[PDB]
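Here's a solo chain for you in structure tokens, the form deposited in one PDB entry.
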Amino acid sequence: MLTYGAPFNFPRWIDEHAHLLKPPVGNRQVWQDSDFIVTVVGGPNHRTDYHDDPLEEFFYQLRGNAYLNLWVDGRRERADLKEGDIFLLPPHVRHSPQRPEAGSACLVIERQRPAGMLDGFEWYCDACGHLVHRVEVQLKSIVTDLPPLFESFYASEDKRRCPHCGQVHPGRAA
């Protein structure tokens, strides 16, 4: 059977879910309990965490523009997602997506992670660039598994303290 339902018009779906593609929610997963995790992410949203995904991430910036702050070869780099761009991110490339525009929409496709394959979330020192804190998580549900992780970092000067230079990371906004 068609477990995931029939085909349906994507622009219409995006328009119908526009109220969820903005703060405070910001994103909406298309199908539940599927192997391919298909999400539409809107904006505005800025963030300071880097994601270490053990599998690939596919991006197709449908409306508006965004960018990914990356670590590439030990250096801070930026990959721009201009409207119309597609991009495939290799496993483990650290990325912090920034989505400054309201009304923007990006198709992001990932795979469910197998048991034992963990995701990392990391923060780096604005002053010296050293890793400040890393949490590894078995990501089963984004909604329940992820926000408390972020909240616990923001609430803790210990977690936010750079082990190299001692500077306390700002937390939620940089």
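Numbering follows the first chain given and starts at 1. In this text, the rigid core denotes the largest set of C-alpha atoms whose superposition between the two forms falls within 1.5 Å. Compared with the form deposited in another entry:
No residue in 144, 32, 138, 112 other than 144 shows a CA shift of 2 angstroms or more between the two forms after fitting the rigid core. With a cut-off of 2 Å and the rigid core superposed, residue 160 has a Cα displacement that falls short of the cut-off between the two forms. After superposing the rigid core, the C-alpha of residue 17 moves by less than 2 Å between the two forms.
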Given for the second form:
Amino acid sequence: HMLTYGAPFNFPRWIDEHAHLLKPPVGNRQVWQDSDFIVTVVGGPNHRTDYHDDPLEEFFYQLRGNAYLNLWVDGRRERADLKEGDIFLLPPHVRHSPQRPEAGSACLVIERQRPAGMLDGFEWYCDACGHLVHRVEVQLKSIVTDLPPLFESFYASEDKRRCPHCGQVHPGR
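Okay, that one was the form deposited in one PDB entry. Can I see the form deposited in another entry too?
Next comes a single chain, given without company.
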């Protein structure tokens, strides 16, 4: 039938035109609305203390500049570098915290709409004892707008940030 999502267009030029809109905490912009593939560009600098626990995979292609992913691989606080030109496929549920410090950076991130009842988690870990401080689960509907309200609630509440092993109150900063 129709091309619902429009005609091909130049991506470098699209990124240039929307550069001034790539803004924190999360830094992104969705290219097409109501699609099954969720196609965003993420710039910087961003502010993220959360780990994301995505029930599906996440494709990355660091188009401009560099960034890294803080991970928890196999229990250990780990890092994956998104050097300019790198690509990478995250397995479902690997906890990850995108750090994007470079102004003018641009990373293509691709995900899919989540079916009903498949939940996304956002977690924070204690920077002293390294144990789970807080975890919210959300039925995700916008990878752009549903994020910061969630982090504000954590940021605004030392009961959420108080650790349950040590009593260290996470800075959320």
